[PDB]
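> The residues making up each chain are set out below.
Protein chains: 4
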Amino acid sequence: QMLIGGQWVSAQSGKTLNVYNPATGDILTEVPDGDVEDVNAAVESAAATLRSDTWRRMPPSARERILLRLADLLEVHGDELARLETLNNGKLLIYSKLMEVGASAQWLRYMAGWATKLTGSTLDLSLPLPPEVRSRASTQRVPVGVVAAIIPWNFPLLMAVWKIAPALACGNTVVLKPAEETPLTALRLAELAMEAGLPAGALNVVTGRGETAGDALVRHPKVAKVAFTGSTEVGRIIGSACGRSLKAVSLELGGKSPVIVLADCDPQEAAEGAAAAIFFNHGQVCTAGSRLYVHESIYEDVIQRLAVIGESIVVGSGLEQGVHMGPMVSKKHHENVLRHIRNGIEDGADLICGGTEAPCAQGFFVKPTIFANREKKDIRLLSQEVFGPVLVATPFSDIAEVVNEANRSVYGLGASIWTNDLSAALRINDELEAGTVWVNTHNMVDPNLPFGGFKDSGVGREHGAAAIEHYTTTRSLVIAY
Amino acid sequence: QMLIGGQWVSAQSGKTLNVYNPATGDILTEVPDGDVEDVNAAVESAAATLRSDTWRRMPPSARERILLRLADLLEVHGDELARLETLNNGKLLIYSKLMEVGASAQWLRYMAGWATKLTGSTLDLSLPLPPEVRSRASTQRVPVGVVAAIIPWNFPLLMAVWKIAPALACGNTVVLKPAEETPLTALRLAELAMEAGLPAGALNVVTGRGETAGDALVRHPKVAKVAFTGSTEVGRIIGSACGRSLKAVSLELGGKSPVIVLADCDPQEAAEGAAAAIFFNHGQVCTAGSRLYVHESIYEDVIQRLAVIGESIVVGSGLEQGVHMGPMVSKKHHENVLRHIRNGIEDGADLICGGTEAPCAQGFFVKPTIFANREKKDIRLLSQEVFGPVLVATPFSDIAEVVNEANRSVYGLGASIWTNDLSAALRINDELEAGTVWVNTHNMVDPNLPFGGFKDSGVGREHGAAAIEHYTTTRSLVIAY
Amino acid sequence: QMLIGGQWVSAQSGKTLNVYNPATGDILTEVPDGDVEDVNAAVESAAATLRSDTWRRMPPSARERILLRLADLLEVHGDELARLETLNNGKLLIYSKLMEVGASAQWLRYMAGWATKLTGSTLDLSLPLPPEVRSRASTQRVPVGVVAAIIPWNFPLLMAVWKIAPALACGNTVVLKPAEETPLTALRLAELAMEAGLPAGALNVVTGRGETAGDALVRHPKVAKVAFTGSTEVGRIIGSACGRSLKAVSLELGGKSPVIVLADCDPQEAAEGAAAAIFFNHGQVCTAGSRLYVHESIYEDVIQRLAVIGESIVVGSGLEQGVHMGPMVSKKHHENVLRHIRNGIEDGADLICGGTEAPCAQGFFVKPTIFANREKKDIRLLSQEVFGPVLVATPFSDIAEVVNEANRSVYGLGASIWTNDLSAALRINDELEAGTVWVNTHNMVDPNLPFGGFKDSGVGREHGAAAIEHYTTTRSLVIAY
Amino acid sequence: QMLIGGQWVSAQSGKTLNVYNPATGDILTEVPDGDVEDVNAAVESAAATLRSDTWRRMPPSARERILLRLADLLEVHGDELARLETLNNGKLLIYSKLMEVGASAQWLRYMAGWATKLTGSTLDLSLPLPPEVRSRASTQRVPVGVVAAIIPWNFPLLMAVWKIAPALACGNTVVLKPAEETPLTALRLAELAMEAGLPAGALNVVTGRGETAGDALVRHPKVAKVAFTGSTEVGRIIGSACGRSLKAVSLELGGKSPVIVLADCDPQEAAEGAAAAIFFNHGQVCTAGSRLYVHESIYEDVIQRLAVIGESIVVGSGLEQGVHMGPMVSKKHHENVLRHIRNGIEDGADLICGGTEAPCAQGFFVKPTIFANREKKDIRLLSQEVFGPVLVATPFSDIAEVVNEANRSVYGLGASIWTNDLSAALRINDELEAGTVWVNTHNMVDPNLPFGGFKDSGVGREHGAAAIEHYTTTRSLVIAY
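Protein chains in written order, with the entry's author numbering: chain A, 16 to 496; chain B, 16 to 496; chain C, 16 to 496; chain D, 16 to 496.
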């Protein structure tokens, strides 16, 4: 049932839709197939509550304490939420416990401490009013309003914290739509939010097929900001709509993160580096390093080792022991990931590791695949975001060459340099058109580190002290006395 | 003639268009009627130069010195730029010297100051990586790219500074389009920019009819941000376009600023207050206080005085002595302002001052007009932005009612409260949905005060420390060592 | 016992000293009478631990968690800590629960959230190295070192959490000395700190007579900062010592807060206002408003009411029901407070309420006393901090003279204006030489509000974002490549 | 003469003292030998003016414009001020023009832009007053008061700007005492300050022997902050005095900056690196890298080259062509520098370059001297700040040993690492106890980079955004409405 107004409610049509277990591939359950009737209640309920005095004028340590008490309840309820994720998403249970239950609790805490530290400024001003007059001028940080939150399916619990945590800190209320392939952990989130002391209406969860629930949410006259993450294309649709609506928009869209191994870097470290950069969360990560660039000198050395690493990954259920990777989240994405593997074989790249052969009997499983692009043929899997465990590994002679190739992308979100060369590392980072460069790591995210991309990877920044500016605004006040 | 690449250049079609003096309704001159050929060159020239190592890697006190030198040349060339404005815009010469030549120079200085003070952060990190592996994280403030700047016709020199000053501080380059009713002062601006040491291509000025030059600028794949101010409608067009383009957008659109006189406020100090709130810049100001709300008790007292004040305004040429108000900027706006005066007489409001008759023989002149909305009827001089010297003055009994009326607008840009009452003043400001409240003043703008509106008045904030956050972005860097 | 290194330890001399109960003035218990042997162990133990990798390089959400769990354990152990305070300090039990157990938990939470948000900057640089020589420059927020914390006896739990909470957030370790009249609640604090996960040595508590334990702490070569609050005189001893030592110093010394009632303010509200301003905490508060200034017009009206209010205060034990005020903390302070009452009767002021007679049979009890200084004599009780429930109430004609009188003090910590006059209120605040003005309140302290005084009331600010800058410092880093 | 109140004034005793040319040992001129009569006038004059409404309530772009117009007059009067320095200080004329006239103008500009951007905060609050009562709480950045500025003799114009520029930006007034070996450029500074529009009394310059003028300045009851730089000893004296006075103190004392050459760094770059690190400003620089540490492998290679470099430095007058180094500033410092060279020969170090013989016939000239400490003896030329062109060069085997040696100093002001190893460089910087590490450079100072040292090198930070926290403070304001 969904949550709207403190109330577990079904869809007004009494229509419904199936969620699956991606390992076996069967129905796990049902959830409500909501439409524009039920986005509306939910958005009118948050606007009710944003104006309520009990939320608007809630002292600031009380809103810090709600977010504190729920991080305390994600961790107290954390075996159950972790089995839940693994069930719905396919993800390895230990990673559900650590990176979804546990990183989620960490983001709450962090953002909960902002609730109490939200400041404007106190200003000088050369006006200049008549004499015998004086003036005092300030800005006042205030909330943005009702937040439309649309979450992607790769990290359902977390990617929902990543929006609600910072919106609630600010004094915004939210209407949250989880992906249709994964709604269960946000439903639990919402009811633990209320156990922690969050007033009815402050966090509503609407469920449904993306085509319609989504659209209704975006095009609502009482929605003040839209925080989307997903397909970079649908992000354009949201953009257009939000801009003629004059509403604030947060957009985290696609990536084709490159990873760059310089001459002096150790081959065992580089190939262990690359594997972690792209087989983490089955490659289902905006920032996954799907383009590997290794220097001419150690190129083969590196890709040899790397195929040993990927050959030895065991694919299986997320609750089984001995398993390193799990499945894709849906059967449409499984089919899309396999079509890209397949265009890659036809485009003349070298399959060193992987293919399209099903690792299991049931489920949306893909084998971890590596393509070697020796001969620098721009197959265009160098352009395609896959969002699955697929790597293309190309070589390079100069550093100027690799930099150019890294920035021959339409996306620009992340990147890695692997090196103990200060000059180079820092001067590659100088020239990369990437919004979050890592050096001798990849995929590292923190509640205090802002995140966003350049180009076609979105508009805006996500965490840290960037959150606060994007979930707050100011009003000015100038008093002549 | 227009500027593109350090070069005074005509339009490629050779086509041209007339600018006028609004006082003696005559051609003043001609300027280029540019099209999508010449937005193109200009936008490819700024992108050439933004990538320029000269500009990208210009030390930060060198970019501070260009903006300082040119505030020093706005003031050294300031009789000429002030005659220019008055000629093209209609504005009173002393106000050209003070509020266009002199406030601009002040803006430059101020923003030139933040050139040198643009910072990112240095951050903790709870990651984590293996033991014996330590990390450093930071963000780095960087420029947004090529700036599309579209300027309104009410304050041609200043409104242009308001954008170029903060974009250039940041390391952005700009392509500036002035209104078609007023291009001359931005042309002079551009050539003084180069006398001050600004490299060719850093500030291009394209001219033309808004319908086409504008559109080309907005829809250019190499334009990184769009800073528009004008009709709130056209802003919606820009919004849509910018959001499907994934580009940052600055929008300062309409208003209908209310001004509120409480019971205890002196009555002549209120009427002198209101007159300044709406006859400043012949009411041609986004924030002009076009709705007057006075308490029941002193309502008549106040509007009596106020009509004495407006009756005694002398309308004339901007270079003549004895003149208090000048003209409208164009004949289309003159005609629109007169149509609103006229709907107001038919909608049953009381003309206590002003009207539809022409004060002068030549020119786009309007008499300052006051309508009394005794009876508290929702005619339509209340929901329509006039942008001319027209006031509707309504009464009110409670403070809750006036607040409600102030926020029965589709815009929330500014507002005034007039009072010695701390509680009330501060608790009105609490409840107003206005982005910049003044108390015992109106229309006060600083370089250090952020400015923006709520609702239909735009997206984003403009000055102060809000300008750096809107003309910069960050890239993250995390080094594992 | 006292805490040093995770260890409950007695003094090396075996010497000991009595703590008492201010309400029945008998021994409550004994605690260590530590000397320079046992300041030394304790300060060598914090320096051991500050250099500890575990503590220095503790991830930043782990240090946030410790402070969060221990706010969670002040509140879980909160009836016991509240009985403890009331026992040792004399304070009313409800206030112990609310303003010592409960404000302390609030301060933890708040500062615990800064643990994770401590940032430096990332900077531009006009240098200027050779060409082809690019550089990146940052500052890095780091901890100050070992903190010597000396706490006053009026709010033992809280005043301790005022210092340890912000030092531990920062990554500083601390050596805490509580007053000798009140050590028990900081001893409990220290052991709950360890139950919450604080490593041994991070918070040591040394106990003893102020003369010697104190001095040893201040003059220790390994103490990096000194945070003192108490007698403004002893503060100058600490000053001298700290400055020849080249150590950072926090000093919160004396006050003589004035409170100002303007003509228009309501008499019942003003006198209820003043009573709360000076009978809160039995007047044992740096910021207590011990000077009352009321306008000529309503002066008598106000002081009449006020004596009704103070006459009706019931003085008694802190655990008894029906009691509004409790005792002084020690018998030396009781005797000093009574000597000032007595000086005041001889100096010719009018006792309108209270006096020198003992309300109770046992204990350090004082009656709440009001002196009417009609005639405006420099009855030099207007220059003496009492720190007890004693008020002098003087009248005034012009606002310029009240402002003069407010700033005829050697202190400048706090002040109140009572009025509903915007111009006057803001403008008085303009001219007051006070570090924290309140308007229509007094004695209001937040975790987010900085606190400090001017003149003889100290050096430095205490809370908010002022804490972080006083408990951190920066190192710069400039890399040429 | 001296400046006090806009007035060029002689000392009250009529007593006077000689200033010298350091190249040709001769009187250059005379200046006032002021005493406690004339510190007093000067400090009573700044306090007159700080309270001045003209200065206190000077709009903030007017104070920005004074500092702007005087950077513009440092550069317009810049051949003369540069001949002046060279005359009085001994410094090479081109460096007078570039690093004293020109860096000084840069510092003005930079700090002048912070005049305009000085902000407090606007805060939330968990109070919690009754219900029905709302509150608004802010801090307000204000100036510290009268500034006692004592300047060192190595960079007379600049070191003076370093203080006055940031104090005046803030709204502080200053009383400036230049060294007694160099007063002329601050006298010119002061009169150009007034040509730029600085009101009389805002910058007074008192002159005299350090023993007495200094003391009077420090111990003045109306001096609010003391900004000293010089002997670390005298800094202790100031410390003690300032702390019993309860006044803010800025102290930039001594350094023994180490410089560290790792195995992989190029020998000619390292030795060119070290020479610049210690023969810049004739070694008369707090941060001069007077300890050289080179790895075992390339140690000899490096010191060979380095002696070629120092052997080829030509010592001479600052206005002569072909000269690379000039003289010491006084004959007492010349004699002290030569005594340290001489203890170094007796302590058994290897003179590879330079010595004790006089390069010239007249003047305070020293030859650039390098001592090789093979054998790693604590000769203690490493424990003594020379402030002259003297280097000790020691070798080292592991990186842990060099780090230990770098932090076997009583001062930790600056340091250099030379390498192209990212791990090591970052890490070395991790473990150094130095307040400003450089990598592949040394001696680099910006207006935007904070500067200060650890240990015995002082208290506080100097530039950037650290200035504006040290030259401002806040007052809090909480309004209950």
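Don't read these hints as lab results, they were simulated from the structure. Note that CB positions come from ideal geometry on N, CA and C, so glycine has one too. Treat the hints with caution; some may be incorrect.
Unchecked claim - Some but not every residue of chain D turned toward chain C, in silico, with C-beta under 10 Å:
| id | residue |
| --- | --- |
| 1 | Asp-139 |
| 2 | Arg-203 |
| 3 | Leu-207 |
| 4 | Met-209 |
| 5 | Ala-211 |
| 6 | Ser-255 |
| 7 | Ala-263 |
| 8 | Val-264 |
| 9 | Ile-367 |
| 10 | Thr-371 |
| 11 | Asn-435 |
| 12 | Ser-438 |
| 13 | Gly-450 |
| 14 | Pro-465 |
| 15 | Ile-494 |
Unchecked claim - The calculated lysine-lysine pairs, modelled on DSSO-like cross-linking and capped at a C-alpha distance of 30 Å, are:
| id | chain 1 | residue 1 | chain 2 | residue 2 |
| --- | --- | --- | --- | --- |
| 16 | D | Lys-112 | D | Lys-346 |
| 17 | B | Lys-30 | B | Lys-346 |
| 18 | B | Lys-392 | A | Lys-470 |
| 19 | A | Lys-392 | B | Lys-382 |
| 20 | B | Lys-237 | A | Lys-470 |
| 21 | A | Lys-237 | B | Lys-392 |
| 22 | C | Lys-392 | C | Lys-347 |
| 23 | A | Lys-382 | A | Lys-392 |
| 24 | C | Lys-237 | D | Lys-382 |
| 25 | B | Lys-392 | B | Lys-382 |
| 26 | B | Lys-391 | A | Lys-237 |
| 27 | D | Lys-112 | D | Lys-382 |
| 28 | B | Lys-346 | B | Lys-237 |
| 29 | D | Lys-237 | D | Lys-382 |
| 30 | D | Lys-237 | C | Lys-470 |
| 31 | B | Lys-112 | B | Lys-346 |
| 32 | D | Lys-237 | C | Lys-392 |
| 33 | C | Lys-237 | D | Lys-30 |
| 34 | D | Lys-470 | C | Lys-470 |
| 35 | B | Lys-470 | A | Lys-237 |
| 36 | D | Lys-382 | D | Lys-347 |
| 37 | B | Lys-112 | B | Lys-347 |
| 38 | A | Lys-391 | B | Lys-237 |
| 39 | C | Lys-346 | C | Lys-237 |
> Checked against the structure, which of the hints given earlier come out wrong?
Hints 2, 3, 4, 5, 9, 10, 12, 18, 19, 24, 28, 29, 33 and 39 are the ones this structure does not satisfy, whereas the remaining hints hold.
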